[PDB]
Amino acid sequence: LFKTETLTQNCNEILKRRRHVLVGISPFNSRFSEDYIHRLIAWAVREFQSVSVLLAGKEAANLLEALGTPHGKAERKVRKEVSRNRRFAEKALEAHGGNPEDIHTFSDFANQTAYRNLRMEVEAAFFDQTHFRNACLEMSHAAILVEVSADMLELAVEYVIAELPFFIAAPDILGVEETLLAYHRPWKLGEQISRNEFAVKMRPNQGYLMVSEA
């Protein structure tokens, strides 16, 4: 039903224990359709003890703004899109035996200590290390995905910075022992992170699970 590919041999060991998976769902991404979300979550609930859903926070508007959508309309548009992702995930979670309250957005933790610490770690790296800054900008290019300017990227990159703590430690934010972030795309930044190319480090209880249909 789904084929999986881990980041590291560590990501693989977390995978073997099947404790928690954090399923990402992106706004405005043709991948996530009601039927697809239903299948993914179905598979998650089967394969793991515990399933959580991660949605896009407020900075998702930065993406629409980079595409020239005006600021006010951008927030309203993101609100509609994300609340719609939520409704689809709630349905699926309810239907397959998961907990409908296990949906979060990456903005929900803004005042949480664990989230703020991590966001600081990422900002310090973003500003200090040029390599990291560029990896991040490449990634925000990926997110916006008719020409793309450097200012568009300085805008959209807020999205990548806000999201990243769930990629490097979700467990600290959600209070869970260990977890895998499941998503359909390859994560290039993650591959570099895993090789110790930056001051940002993936926590030993976190892993990235690339998931694809079968």
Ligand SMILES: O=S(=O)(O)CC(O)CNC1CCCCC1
Given for the second form:
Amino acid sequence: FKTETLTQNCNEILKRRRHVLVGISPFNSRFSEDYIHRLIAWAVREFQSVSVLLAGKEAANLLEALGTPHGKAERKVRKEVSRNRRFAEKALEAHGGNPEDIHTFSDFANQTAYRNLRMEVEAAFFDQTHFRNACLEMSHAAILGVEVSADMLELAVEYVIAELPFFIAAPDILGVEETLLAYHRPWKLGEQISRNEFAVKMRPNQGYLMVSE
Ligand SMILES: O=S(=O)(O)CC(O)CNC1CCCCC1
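Can you switch from the form solved without the ligand and show the form solved in complex with the ligand instead?
In what comes next, the whole complex appears, and the chain from above leads the way.
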């Protein structure tokens, strides 16, 4: 795997190798069982600690926006997420990692740190048109992994708002000293956040690490 980071700060966290948060998306062809194992093997080799982030319940929004009825969408997600979990558990066992350090971005709905970060992201979303547009686009890119209408995006964007706290301050939520969220797509919104373009800030102990094989 190769790596690319946003700022020079994301780079400094990278050199310490303390912790990596490996994103696994429920509906993205990237994540074959096989790829999950290779990805996880690499993480455990490269980092002192490895955790895994799966999609929360808002992933149901992506399917609903795409037309799936609510009840079915919720079950489809449960099926896909629990499947991602099973592969990641297996992979973590096999490489010495920790099968319990797998979380979904819904697992902290009642946690102070997570809720506070939701509030910050939400505030910015409603107050700042440029941040709201950025979020809509990021939600559009989530669907792509038929025309995508305005209203499909307002449904889908709940998904983006729910995950973003782990993109800006996962350490607050997970209780680790510092982290890199690791993923195979580039993070456009992350660049703008870097340049202080929004009321939402990237914590100095969070980085984004783009991986590629
Ligand atoms: O829009 S992107 O595809 O760049 C990013 C996105 O929306 C979701 N990516 C996953 C979701 C599940 C947990 C880890 C991150």
